[PDB]
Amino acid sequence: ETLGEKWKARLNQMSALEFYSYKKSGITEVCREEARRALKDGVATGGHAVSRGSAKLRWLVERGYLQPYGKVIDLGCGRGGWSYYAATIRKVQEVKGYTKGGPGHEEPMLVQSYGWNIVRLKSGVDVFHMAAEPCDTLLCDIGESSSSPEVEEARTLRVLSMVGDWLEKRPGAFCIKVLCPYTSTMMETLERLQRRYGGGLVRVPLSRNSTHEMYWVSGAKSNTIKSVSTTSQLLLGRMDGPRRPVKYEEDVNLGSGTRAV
């Protein structure tokens, strides 16, 4: 019934070959070849981003959608891509990342990118069972893809409910992954959340066409229906016609060394 639901149904009908070309058609991608090998060879001082997450956060920050500062909380930090990137930001003073880790999940990576000394990454943490703490900047990049739109909605609702307790502590800046923004009940939930805490939804072009993920960010302000519908229509339009080339880009160089605080 919604355009996003139409997109999801069409996505599930695609052959594996059509899906493969479709998911990268006209997207933005960072070149990670050089970063992956240095990280594999244990290079910690090359300015290499631990994951392609640093570039997704950089995209949002560089466009003014988020202005990180003070104490940053990174929920579902994984290897630490958002945490290490936030530590390079002048107004940022402390970064605390939390992640599940363990078998089948990303573990925090220890690197020496610029500002690494203000980053604490904690593994073995279930953020859904941890008490919210005050912070200035709240980041959350949780939301596992599913072929079922009901499973995506249930997972998004779980993330947004947990994030609610942290937003109650009133951070001035936030960036929250919204895995499933495209069902009718999700658009109503997001409009209510936007009226209460502000911000708006943004589509990052580094996201694959195989996900409808959007980011709820403190610096945006847009009609929920409009913003989600615009994304749904872009994703639907890429399902037909030629395969468009990927816009390749240099990955973020996060420099090296400590910061004085």
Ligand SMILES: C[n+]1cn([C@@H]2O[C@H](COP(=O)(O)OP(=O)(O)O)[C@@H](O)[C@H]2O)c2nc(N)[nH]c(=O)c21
Second form
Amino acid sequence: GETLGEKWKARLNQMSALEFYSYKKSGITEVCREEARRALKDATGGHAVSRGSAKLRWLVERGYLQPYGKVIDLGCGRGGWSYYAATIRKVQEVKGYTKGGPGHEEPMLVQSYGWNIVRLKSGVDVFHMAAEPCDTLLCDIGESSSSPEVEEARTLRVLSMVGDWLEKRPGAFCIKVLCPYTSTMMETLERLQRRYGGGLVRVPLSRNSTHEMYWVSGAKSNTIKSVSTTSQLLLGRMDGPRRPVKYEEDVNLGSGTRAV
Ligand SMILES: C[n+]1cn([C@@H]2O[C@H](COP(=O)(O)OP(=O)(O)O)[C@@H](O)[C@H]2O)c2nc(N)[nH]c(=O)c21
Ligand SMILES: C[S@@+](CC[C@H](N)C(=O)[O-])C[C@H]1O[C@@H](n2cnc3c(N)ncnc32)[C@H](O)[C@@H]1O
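Show the other one: the form deposited with this ligand bound, since we just had the form solved without this ligand.
Complete assembly follows, chain above in first position.
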């Protein structure tokens, strides 16, 4: 039968443009980015290069993963996850890879704390990269589509690639799951959790217009329960008034080099 997430996606696509604009941020958590954006336009100051640092911070501060050692960041974009990881005491090296080029984000070079242990490489298609051993595996790849089947096909592609890296047995991981809400995806995620561990978490900084969840090494949740709970939350926010955004301070990543 049709899943709750599938019902959500269909209703999402039916919304008027004005309905959608309000729904997408209704009741979500958001970091204030005005200060960081203006500074990145005008390398110090501790500003995060994207709102991605705050998403990974949310997971790390709650114990959903504990980065350490050599960190590989697949789909690093501007570098928000890589620069956040470099501030963590147990992390020793961060290697980010991203496609870049026209139409896509290129790595930004900033001097937040630990910048000297970060290497971001653009021009790389991770689907044509040989997997390498690492201690912490991060991946934030998954482009939204109005078609749930396209989201499924894209997520299956990401997860097939990520499995090659997980075979090296990193002790910590955080993998974006763009589409967790179809029957095929739930079965796939259950099998992956049985093989590699971890569990799925919804980060409240995600907009209501995406069903993305993060498969993280420090969770133990049931696939069906965690996905359905997220679908119910997203469906419930489609009814009634616009709920206020919960704003928090953006992450300050400090400055300076690290001794290694
Ligand atoms: C611009 N837009 C996007 N969506 C839906 O919202 C999903 C995500 O839309 P997005 O958040 O604008 O893209 P992003 O995740 O890359 O930032 C899309 O795949 C569509 O299903 C939209 N849905 C409605 N009803 N109206 C819109 O204008 C609209
Ligand atoms: C959602 S962004 C991640 C944001 C990042 N975590 C941050 O905090 O700034 C994902 C990035 O993955 C990149 N990407 C998508 N497919 C890729 C591929 N096949 N190889 C390398 N990078 C890819 C995209 O270009 C995009 O910049």
